[PDB]
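Participant: The chain contents come next:
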Amino acid sequence: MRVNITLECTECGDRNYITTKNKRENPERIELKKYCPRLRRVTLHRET
Amino acid sequence: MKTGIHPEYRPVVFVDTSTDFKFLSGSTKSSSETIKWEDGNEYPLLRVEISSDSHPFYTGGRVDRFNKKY
Amino acid sequence: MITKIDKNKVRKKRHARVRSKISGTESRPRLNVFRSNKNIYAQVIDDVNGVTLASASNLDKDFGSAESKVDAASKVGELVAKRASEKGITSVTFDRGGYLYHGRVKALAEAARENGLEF
Amino acid sequence: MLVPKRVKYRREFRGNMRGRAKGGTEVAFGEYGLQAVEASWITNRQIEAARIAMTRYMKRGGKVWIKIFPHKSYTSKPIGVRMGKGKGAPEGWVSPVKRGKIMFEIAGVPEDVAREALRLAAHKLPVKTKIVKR
Amino acid sequence: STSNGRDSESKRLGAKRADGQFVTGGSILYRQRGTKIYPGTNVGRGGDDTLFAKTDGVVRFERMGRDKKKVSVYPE
Amino acid sequence: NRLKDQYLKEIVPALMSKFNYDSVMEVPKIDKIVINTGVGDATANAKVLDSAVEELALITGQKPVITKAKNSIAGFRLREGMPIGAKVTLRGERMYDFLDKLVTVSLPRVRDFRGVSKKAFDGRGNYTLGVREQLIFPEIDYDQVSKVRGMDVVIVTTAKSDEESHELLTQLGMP
RNA sequence: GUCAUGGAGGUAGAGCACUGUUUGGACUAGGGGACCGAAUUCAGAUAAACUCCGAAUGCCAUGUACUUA
RNA sequence: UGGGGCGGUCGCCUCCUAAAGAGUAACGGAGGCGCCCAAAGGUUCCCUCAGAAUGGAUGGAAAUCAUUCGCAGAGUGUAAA
RNA sequence: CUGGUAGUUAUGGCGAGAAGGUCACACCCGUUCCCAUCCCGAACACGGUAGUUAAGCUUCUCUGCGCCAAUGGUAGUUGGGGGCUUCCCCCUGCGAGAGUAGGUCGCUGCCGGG
Ligand SMILES: [Mg+2]
Ligand SMILES: [Mg+2]
Ligand SMILES: [Mg+2]
Ligand SMILES: [Mg+2]
Ligand SMILES: [Mg+2]
Ligand SMILES: [Mg+2]
Ligand SMILES: [Mg+2]
Ligand SMILES: [Mg+2]
Ligand SMILES: [Mg+2]
Ligand SMILES: [Mg+2]
Ligand SMILES: [Mg+2]
Ligand SMILES: [Mg+2]
Ligand SMILES: [Mg+2]
Ligand SMILES: [Zn+2]
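Protein sequences, first through last, are from chains 5, 3, Q, O, Y and F. Note that PDB author numbering gives residue 19 to position 19 of the first sequence, counting from 1, and the numbers run on in steps of one. Under PDB author numbering, the letters of the second sequence match residues 1 to 60, 69 to 78, in that order. Note that PDB author numbering gives residue 9 to position 9 of the third sequence, counting from 1, and the numbers run on in steps of one. Note that PDB author numbering gives residue 52 to position 52 of the fourth sequence, counting from 1, and the numbers run on in steps of one. Counting the fifth sequence from 1 gives a position; PDB author numbering is that position plus 16. Counting the sixth sequence from 1 gives a position; PDB author numbering is that position plus 1.
Treat the hints with caution; some may be incorrect.
Said to hold, decoys possible - Here are the simulated EDC-like cross-link-like pairs (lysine to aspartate or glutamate), alpha carbons at most 20 Å apart as the crow flies: (1) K7 (chain Q) to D32 (chain F); (2) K67 (chain O) to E26 (chain O); (3) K22 (chain 3) to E140 (chain F).
If you're looking for bench data, these hints aren't it; they were derived computationally from the structure.
Sequences are here, hints too, so could you generate the full structure?
Facilitator: Below, the structure written as structure tokens:
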């Protein structure tokens, strides 16, 4: 169930952040609005 | 009274077959009538059964079973 | 038999909850507000010394003209702002007082803000 | 035979018996008591033997109060076991008695039978005692 | 034949600076679990409940209401 | 406000004369009606709770709030937070409207009522009245209603003791 | 090293205000056509893993005090 | 390793031993861990528990209501402090 | 005199009894508007003052509960010395807990009305 996941920026394509989720309660790819160091602004990140 | 969640509500007129006391009251059933009693609140009349002034303890079908004997 | 709740007691409880974060220092005094059924009051307070600096009220000599009970709040707010500004007070922290920042309190705060007071 | 119904912990330290008794050094319920003059451990079997020997003499007359109880427990090792490998299994229950404690009570009988019953009980205990009056 | 025999290494709690001792900003004054001592003036509480000075000064362990204590730092 | 008129016109100074209250506002006044259906039997049944919901909604006119379970006990096959019972709170004009519709219309059709014990109170100024079926109220008919649950109707009175609450209920209507 | 001043810390002792262990008396919920017996109270005990309290020492500092390396 | 073998243990967290700063051993006395949560995190606003008695009761020792008393006798994802 | 707002370990609290007022403060009336209920104008929010001191609030009296609290004595104990060493005794310094004499129905600061 519990697994490691990595978050990738939808514009740059850089895998910036890592985190974990529960695979049963969250079968879909999670999405979050984090801060992207390359662009130096906030973008949208998706699980790979 | 939050809008939408609540059902319908409106005062009506309650009448008994024994006392005929049209006593204005609120309810959720329209009873599908229109009476002019209590002018300004001409709410629909609601037919009813034995009331306060109809019951022995309160104040003071089976007909067929008298058709055969009598 | 039911014991009716005491509005002022719970109001003071909420005021004490608010006051845990708001402190009236000498450079940045505290703007306390009290609201009744008839009228509203305001006081500028410092906590390091425990003394008030400016005040205004609906029942004061000024602000004689009145309207619905939000215009009295605006008037008392602008009068207290003018009195504080005339004494050199510019930066304050708004002490809500355990009320909600919605009605009379909000109008008083905006009236104070539009004058020379950085709330 | 007095044994506690429950204990929070099975194994206990042995403790010490320094100083006078914390409390209970005056006779309260009855009119005659058996007061320890020195300190010792008292198992539950000794209490049972003393109580039996003291009640039989009065012929089920009067009342008797037991002022001590065996809260503590002690362990032991069998013959032929080396040292170590944990603590031993508990064996019995003891009541650490300090000096000055009054630990038996008599009421409802005259001078002579009470004194003789206390004397008979005092020979079953491993501690020097004396008989006191309220 | 023993089910016991295990423990956890000590965490060295207690007080690290004495009352009346001059203190440098940002230094730990008390390591502790929960809140046995509350943070007073010019002092804050860490993530794991340690108390650290925020400005240079002199340590003083005052008393709050009846059954609890606090520590403060006063500049020179 | 016909029942408001009946209460205010003659009940208030009758009470004032009877008990010689020092002021005008020691008079007990009806304050709250609370309804609890007690549908805890529906451990797994989902239509029973819902059916109680529309039953209460029709009888009162306000949306009933489902109540959760305070604790979790295996003796009655329940866990934490299970939806148990209903909750409706009338207040204001609904006091007198519901009291009218009950004591004058719905109550008299009960089978063999001959009064309730004056000691069947809480002893401190309130009253809980029980009904053994849902057909006593004229608004809910027989065809729609499937089962009957004996619910609880409470009377909240500002009376400082019990005797004046009892006599106040008598003066307004049935004890 | 001593003296004066300020602190953190709950051991010895003691105590029953919490948690365990526990004695005698009164009454009793509950079951019983009187008998066991939950909870309340009175009086009396007990505790390394109990605490409404709580020392002597030791410890950390301050001093401009007096000696000493 | 109170000779060695058989038995048990080997890393981390909490309490007692531990002698009122910190530290402190024994094949000494008791327990847990090798996770979980997309809200069980952040912020703003609001409020307060266990239990007992009385009445309706389908429904009893115990479900859901109403009043009174009630400083925590509850809760704090999980072992203890 | 009263309203608002702070400091101080309840000597400030709990409980009991009396008095007061529409100057203030509340109860109170209402839900058109802003706003709100896992339902309910109860609360919150808004608009008003016919009635009230019944309660909130203020003042006054007490020792019933609670709380604070000596002096003397005692346990314990650093240093030194003795015994018949489950432990005990003597000299000097420190010195409790419990119990009690006694104290308490608060004391202070600022602003606005009378
Ligand atoms: Mg540890
Ligand atoms: Mg944190
Ligand atoms: Mg963390
Ligand atoms: Mg001890
Ligand atoms: Mg030490
Ligand atoms: Mg230590
Ligand atoms: Mg070890
Ligand atoms: Mg293990
Ligand atoms: Mg006047
Ligand atoms: Mg409207
Ligand atoms: Mg105190
Ligand atoms: Mg003394
Ligand atoms: Mg003392
Ligand atoms: Zn990017």
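Participant: The structure should be examined with respect to each hint, and the outcome stated for every one.
Facilitator: Hints versus structure:
no. : hint                            : in the structure
1   : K7 (chain Q) to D32 (chain F)   : 18 Å, holds
2   : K67 (chain O) to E26 (chain O)  : 11 Å, holds
3   : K22 (chain 3) to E140 (chain F) : 17 Å, holds
Of the numbered hints listed earlier, not one is contradicted by the structure.
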